[PDB]
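One chain comes next, on its own, written as structure tokens: the form deposited without the named molecule.
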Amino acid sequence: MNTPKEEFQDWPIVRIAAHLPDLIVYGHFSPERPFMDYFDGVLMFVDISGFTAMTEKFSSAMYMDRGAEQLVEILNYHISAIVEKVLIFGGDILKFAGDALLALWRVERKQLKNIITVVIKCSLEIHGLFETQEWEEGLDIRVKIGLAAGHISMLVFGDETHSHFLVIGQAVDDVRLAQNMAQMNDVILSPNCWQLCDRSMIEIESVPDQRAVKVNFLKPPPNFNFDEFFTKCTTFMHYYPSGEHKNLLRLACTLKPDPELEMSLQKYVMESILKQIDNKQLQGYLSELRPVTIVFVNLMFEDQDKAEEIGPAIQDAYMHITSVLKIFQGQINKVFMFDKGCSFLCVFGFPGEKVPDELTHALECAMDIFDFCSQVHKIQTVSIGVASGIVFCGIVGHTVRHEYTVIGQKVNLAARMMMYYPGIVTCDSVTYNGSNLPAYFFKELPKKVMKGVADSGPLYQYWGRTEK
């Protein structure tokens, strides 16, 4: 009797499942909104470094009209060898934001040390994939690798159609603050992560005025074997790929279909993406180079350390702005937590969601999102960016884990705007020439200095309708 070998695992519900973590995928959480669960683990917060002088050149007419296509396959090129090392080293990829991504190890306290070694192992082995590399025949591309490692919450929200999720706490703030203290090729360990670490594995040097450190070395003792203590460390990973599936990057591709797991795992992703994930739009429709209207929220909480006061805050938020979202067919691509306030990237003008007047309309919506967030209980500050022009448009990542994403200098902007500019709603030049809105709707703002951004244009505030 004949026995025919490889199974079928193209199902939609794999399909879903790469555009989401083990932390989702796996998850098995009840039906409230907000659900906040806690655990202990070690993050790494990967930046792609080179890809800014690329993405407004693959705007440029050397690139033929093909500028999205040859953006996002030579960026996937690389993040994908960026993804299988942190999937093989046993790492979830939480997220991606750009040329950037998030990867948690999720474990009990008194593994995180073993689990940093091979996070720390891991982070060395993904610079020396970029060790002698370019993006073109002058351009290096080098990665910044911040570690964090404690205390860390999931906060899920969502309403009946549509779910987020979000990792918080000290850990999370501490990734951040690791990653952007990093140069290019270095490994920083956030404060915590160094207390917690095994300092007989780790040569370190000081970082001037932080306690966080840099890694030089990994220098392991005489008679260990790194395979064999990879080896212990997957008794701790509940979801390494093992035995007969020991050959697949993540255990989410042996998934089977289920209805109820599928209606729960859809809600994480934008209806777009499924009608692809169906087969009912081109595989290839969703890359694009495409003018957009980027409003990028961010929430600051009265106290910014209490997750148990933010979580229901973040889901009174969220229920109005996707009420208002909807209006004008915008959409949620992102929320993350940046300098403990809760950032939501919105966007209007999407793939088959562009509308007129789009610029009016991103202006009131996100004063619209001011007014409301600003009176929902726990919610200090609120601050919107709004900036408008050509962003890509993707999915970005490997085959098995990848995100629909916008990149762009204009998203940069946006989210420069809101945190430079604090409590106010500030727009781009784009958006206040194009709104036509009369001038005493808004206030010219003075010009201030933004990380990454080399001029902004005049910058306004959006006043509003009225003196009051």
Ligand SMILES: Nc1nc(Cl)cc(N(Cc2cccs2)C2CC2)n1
Contents of the next structure:
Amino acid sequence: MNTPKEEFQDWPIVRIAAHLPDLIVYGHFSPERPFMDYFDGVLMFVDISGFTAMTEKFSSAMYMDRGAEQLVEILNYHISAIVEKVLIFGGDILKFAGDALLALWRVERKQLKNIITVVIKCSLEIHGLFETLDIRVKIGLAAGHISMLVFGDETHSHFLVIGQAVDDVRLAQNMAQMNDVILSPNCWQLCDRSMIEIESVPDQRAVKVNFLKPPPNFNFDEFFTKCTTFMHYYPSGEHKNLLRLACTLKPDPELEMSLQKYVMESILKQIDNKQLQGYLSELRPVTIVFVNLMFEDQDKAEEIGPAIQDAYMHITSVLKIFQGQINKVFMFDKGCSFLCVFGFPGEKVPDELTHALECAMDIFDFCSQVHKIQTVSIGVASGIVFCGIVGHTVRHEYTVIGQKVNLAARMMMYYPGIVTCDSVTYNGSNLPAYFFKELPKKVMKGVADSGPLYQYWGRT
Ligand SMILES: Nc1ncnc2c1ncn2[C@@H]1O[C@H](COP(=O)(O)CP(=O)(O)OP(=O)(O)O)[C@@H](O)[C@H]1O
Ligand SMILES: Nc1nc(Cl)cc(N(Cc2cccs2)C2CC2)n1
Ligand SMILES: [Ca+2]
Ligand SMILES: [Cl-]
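Pass me the form solved in complex with the named molecule as well; I've looked at the form deposited without the named molecule already.
Entire complex below, previous chain first.
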């Protein structure tokens, strides 16, 4: 009696799970919103520098109308290797944003020291990989208490990690010069100092890792194996050949119903083999509306959660009306940011610019009265941006990369408390000139040639 091979592996639920971390896939939590949970772990924020420039070049005529296809190929060639390293070291990729990704090793408080060692080794191996396009990799690490927030409505869900360690990992990474790994202060405080050769960062309690220098008896693989005891989802045994346990998920309509809420409809359409895979990789004219919600420095996560929930409910209704989408949500330095996009798969209109501006003002007016939100700032920029699925086969997300994305994000930070827009949006809108005010030109870090910027004043 024959015993033929292959556990079938490519169910819709498995494909959906590629778009989510284990934190969500295996989360089994309440469907109330907001939902908050608390844990400890180590974070790694890996930020590639140089794909936004590569993006601009790939629109040129030399790429012969295949710039999006070539961009996404070369990006994924590099990012998929990084993702594999993270997964093999036992980490959970939480979210992608353009050419960056945030990863988490959730562990019990007693294991933080040991896990920091595993994550530093992983970081050094990620720097390893890149002795090969013009691109640097900056890595920040942090460790400590982390809170998870899940917010949404009955058909959509969104998550974030929050707290000092999240702020710290971002601050750490941002200090790295090309190809450095930086530890947060608390990470350096908790780590195994005998193993880890560091140096001062000027005007900073963070430190740069110079070397991993283990003792005589230390064998990394035996050490790593012991650390796997504390990793709940590390593929093992008959599944040690897999990069994720999520590859073994079996059909379960209730779990699927829950996971699909995190993923865009156009992505679900591709997952369901109702649209061609290549259709979502594009260099497409869009309008980016980047909305920043600032909370007071005193604010704790249990106050932040209901306020993001409230803002979200309004953002989503306004976007539905004006034909916009939330591409990604971020939070650090007391600012929760919604990266919103007008134009992309299906939603292409003619009055898109007018609509992005009115939508932005509606969001600004509503969110300004949400209890606990100190300041709303919204940057609006229009241009050619790369849209597509970034990452590895087993762990990837839809995202956007482009100069106008970065510009919108810089506007919102440099021109706080107002709605700002770029020249393309200004000249291209229906609207008369006195709806606007021309702004003083600020020198913006990582932005040159930016052109005239405007405040969207409104009808009044
Ligand atoms: N998705 C993201 N989430 C959080 N912070 C980000 C981010 N992208 C960039 N940043 C932060 O802002 C800092 C400056 O980023 P920038 O210099 O403006 C673009 P980059 O990340 O260097 O290269 P790039 O745009 O080719 O990819 C970063 O070092 C990082 O701390
Ligand atoms: N707060 C938060 N949560 C998640 Cl899950 C991701 C995220 N971001 C922004 C941050 C990067 C570094 C610390 S927070 C990642 C996807 C870019 N921010
Ligand atoms: Ca980047
Ligand atoms: Cl891949």
